[PDB]
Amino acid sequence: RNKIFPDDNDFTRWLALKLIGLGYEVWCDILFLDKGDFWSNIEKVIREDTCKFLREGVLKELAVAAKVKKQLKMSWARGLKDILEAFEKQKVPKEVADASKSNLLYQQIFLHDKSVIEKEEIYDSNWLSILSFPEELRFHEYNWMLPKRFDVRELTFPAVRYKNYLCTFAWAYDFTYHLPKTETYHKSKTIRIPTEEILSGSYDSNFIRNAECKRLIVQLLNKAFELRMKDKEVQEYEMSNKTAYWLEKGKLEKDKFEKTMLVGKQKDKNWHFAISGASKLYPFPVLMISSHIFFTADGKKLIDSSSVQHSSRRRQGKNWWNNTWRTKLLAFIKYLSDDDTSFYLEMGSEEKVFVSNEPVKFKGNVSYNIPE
């Protein structure tokens, strides 16, 4: 008692939910997700407490309805109104109406296998951890011993001007070929400052400001990253505001490094994964590696059409997924590693800056069940 008995799935869903919302009890197979007592209950309900009823199976149901009757002796708004009028005219019983039951059924049925799983997960990142720094920051007093238009960025060792000094991580007697008057240099006039205090934030001095010192150090890091990328026989692209360093074609083994494809062919055109180096000291020393895709014609010469570049990049980025991005980033980073766990930036004759080849790992608390 007190109970009333794949092309229109959502129509039936909405109809049943609305009929429940107005206080009409509806029994359907979409309530009990589990299957396997499935027909005996229906037959028992039909035989015992069924008074009025609203393909081989369809024919059998029609025959059952006919036997029961013999024994008894535009828009959807119009349809809804007709259904309501028919229900009211037939005096079909109803109880107190409430939407709380509908909300609870929706919560416990509609989103059953779509919930939150309390499982910890580990994520990679694009931030390359920085291990160690040289013992000092070197400022060389090159007073009237270099040309004024000498163009400091032409040197083989990273250095940038500052007032009348030169800042680098190399010795005081390097790159003497390009700057011949170097031998008559007194060593007591070179400023050496340790990296630990200036990078951690314990260096307040008039010579250089901490934000300025960070900008100088990231400039040296970017310049040395550029020099290293040039060193490894890797071509370059001059981007809108930065520089990207893309591997050539045939450089790797079968266009593969560590079972990862970084350069390939698309239709009659060649594409090349690239990276861009941008070191920052916030929150902690990292060497960020943003990802890009450039396209060329023969694989060595860049194409001089920005519209073609953007169109090809957007066409290629549709099919890329998290796994591909991770694999390509990690493979490109590992290809520039030196021996086992880190690659140095050649910032000195015998002094190097160690940056690890393993990106920072993030650990979580809540995971997502990813149900196929």
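Positions refer to the first chain, counted from 1. We call the rigid core whatever largest set of C-alpha positions still superposes within 1.5 Å between the two forms. What changes on going to the form deposited in another entry:
- Of the candidates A244, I289, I83, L199, the Cα that moves 2 angstroms or more after core superposition between the two forms belongs to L199 alone.
- After superposition on the rigid core, displacement of the C-alpha of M145 between the two forms amounts to 2 Å or more.
- In the core-superposed comparison between the two forms, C28 has its Cα shifted by less than 2 Å.
- Remark: with the core as the superposition reference, the CA shift of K352 between the two forms reaches 2 Å or more.
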Given for the second form:
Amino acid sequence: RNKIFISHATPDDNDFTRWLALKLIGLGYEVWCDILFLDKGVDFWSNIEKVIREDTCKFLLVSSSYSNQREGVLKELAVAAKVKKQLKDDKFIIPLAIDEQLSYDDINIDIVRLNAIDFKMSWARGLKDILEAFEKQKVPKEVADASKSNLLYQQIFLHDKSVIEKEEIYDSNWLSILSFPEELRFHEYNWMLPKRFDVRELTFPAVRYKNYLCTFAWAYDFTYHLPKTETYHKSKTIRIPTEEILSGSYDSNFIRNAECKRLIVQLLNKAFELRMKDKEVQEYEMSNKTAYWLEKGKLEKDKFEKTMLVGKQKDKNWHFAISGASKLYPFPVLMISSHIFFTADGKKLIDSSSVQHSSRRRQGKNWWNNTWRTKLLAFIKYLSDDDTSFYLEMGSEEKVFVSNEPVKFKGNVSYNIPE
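One more: the block was the form deposited in one PDB entry; return the form deposited in another entry.
FYI, this one's just the chain on its own, none of its partners or other molecules.
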């Protein structure tokens, strides 16, 4: 009949039964268990008895604590005993002891004069003994091919384990820049500005270049710090439109494309720093970058838009801070970083690297994807200007409008999230 029945303690031993079934199937011996025939539409009980009585050659049983004194196990044993009596098969039930806690004093009275195969130390000896028993007893075999094992692994192991295509929207920390001022302006100051003026500290962004000055503001702007500026013809300046710079079009011996793009990035970073300093937000200085964080009591109930930005951890109060980085690859963006900073009482930080690192690494265990996402989006919304724009000051009228909704990606591959 070529079919072999294996019984165990379903479902407390899925791994061992599955491994034994696959190892036996790959060696040419079929195994009947719940892993096969994954369907419940047909009767799930009468099929077992019909298979045992009609087309089963060798019957097997696995001894376990759960299988003992089980109604189903007892019924299967009774049916097997009846089949053995009908066939006059001396060796029709072969129990296998796999539990270490099953003492010899509490063994079943039915099986007391039959030797038992141990499985406590190593399963290889038991498998070899089973193979020797099958080959000696002329146990029938199927076609010898690994295709059976491969197909069973492909269609049974990953039955409820395959990815399902479904639309999902991914949020980022990339605030897309919407608008730029029309023209870039290098202003020619023929030694009118002091040789050691330190132009980086005036009211508007400014980067020195040759004998001129680079800025987005008006020709006669930020003249409070430079009294000797009015006596200057406006025609002595170079206006490079910013649309052709961010198009790979402008390249002149005066200044190249790469240097002008770097200048624009630097100016955007300075403008972002000034704007974040003008929003009344305290800052923490890191090794290379600067993060801006809220104080306790400035925000209503330490919670904006049903989400919390300042909380409490035992003797330490934590605050949520971000840093800005401007890039032009692949398109004008503004990368925003997620940071956590801690305070003793909500206004004074703790000045020690070890304690800050310890507190930061202790918090992340509780927080997850949703916490980070909602807190960052709430922070950006708090920084918002009117509804969806968050400009940066560059001059009298010139402004760079940065969106408060980060770039969103869509993906056709996602998981079911089985809670």
